[PDB]
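Only one chain is included here, represented as structure tokens and corresponding to the form deposited without the partner chain.
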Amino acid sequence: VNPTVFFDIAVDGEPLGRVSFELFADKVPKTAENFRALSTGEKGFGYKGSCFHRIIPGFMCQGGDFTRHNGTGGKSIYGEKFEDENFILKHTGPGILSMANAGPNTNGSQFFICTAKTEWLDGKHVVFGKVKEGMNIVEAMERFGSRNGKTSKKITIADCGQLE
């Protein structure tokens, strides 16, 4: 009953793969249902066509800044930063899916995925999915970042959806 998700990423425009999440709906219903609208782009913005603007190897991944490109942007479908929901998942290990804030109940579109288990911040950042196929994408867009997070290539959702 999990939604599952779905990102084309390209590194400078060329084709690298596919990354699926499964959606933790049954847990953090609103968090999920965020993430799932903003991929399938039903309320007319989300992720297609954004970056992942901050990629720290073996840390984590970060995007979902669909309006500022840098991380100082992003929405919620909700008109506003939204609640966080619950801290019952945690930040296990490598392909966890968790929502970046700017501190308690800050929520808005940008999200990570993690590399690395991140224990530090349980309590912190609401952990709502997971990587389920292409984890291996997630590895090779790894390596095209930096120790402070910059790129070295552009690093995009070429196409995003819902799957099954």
Contents of the next structure:
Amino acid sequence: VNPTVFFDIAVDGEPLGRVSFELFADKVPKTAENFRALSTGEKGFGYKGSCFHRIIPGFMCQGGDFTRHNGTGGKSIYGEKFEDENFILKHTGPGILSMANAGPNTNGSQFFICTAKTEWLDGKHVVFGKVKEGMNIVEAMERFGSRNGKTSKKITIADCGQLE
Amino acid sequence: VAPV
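Output block for the form solved in complex with the partner chain, input the form deposited without the partner chain:
Zooming out: every chain and molecule, the one shown earlier first.
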């Protein structure tokens, strides 16, 4: 029942690999649906062609700013911002897919893939998914990161959509 | 860091 979405990652335009995610629509349906629809481009806007603006090795890979490409933008399928649905799920370790935000109830399109346990983010960021396949590709993307988050090479979602 |  839980949807599966895919991202085809590219490094400086060169294909790297595919990361697939299980979206926890059972536990966080509204947040899951946002990511799913943004990955399909159903609503006319979404992640295709977007980049990962901030990659910090040993922490996380952040993306989803399809409007300004630098962390200052992004929009939800429900308007500019939506509420924190719930905090049932926690940042248990690598692979966790959670929503970025600028404070309470400020979810848009920006998300992050955890490359380590981020328990300080529990209760502040909504966890809605996890990497099902291609954690190896996330690890490969992480090596283009830096301590300040700046990427050594452009990491982009060349293609994205829904599997099955 | 995880903000916007």
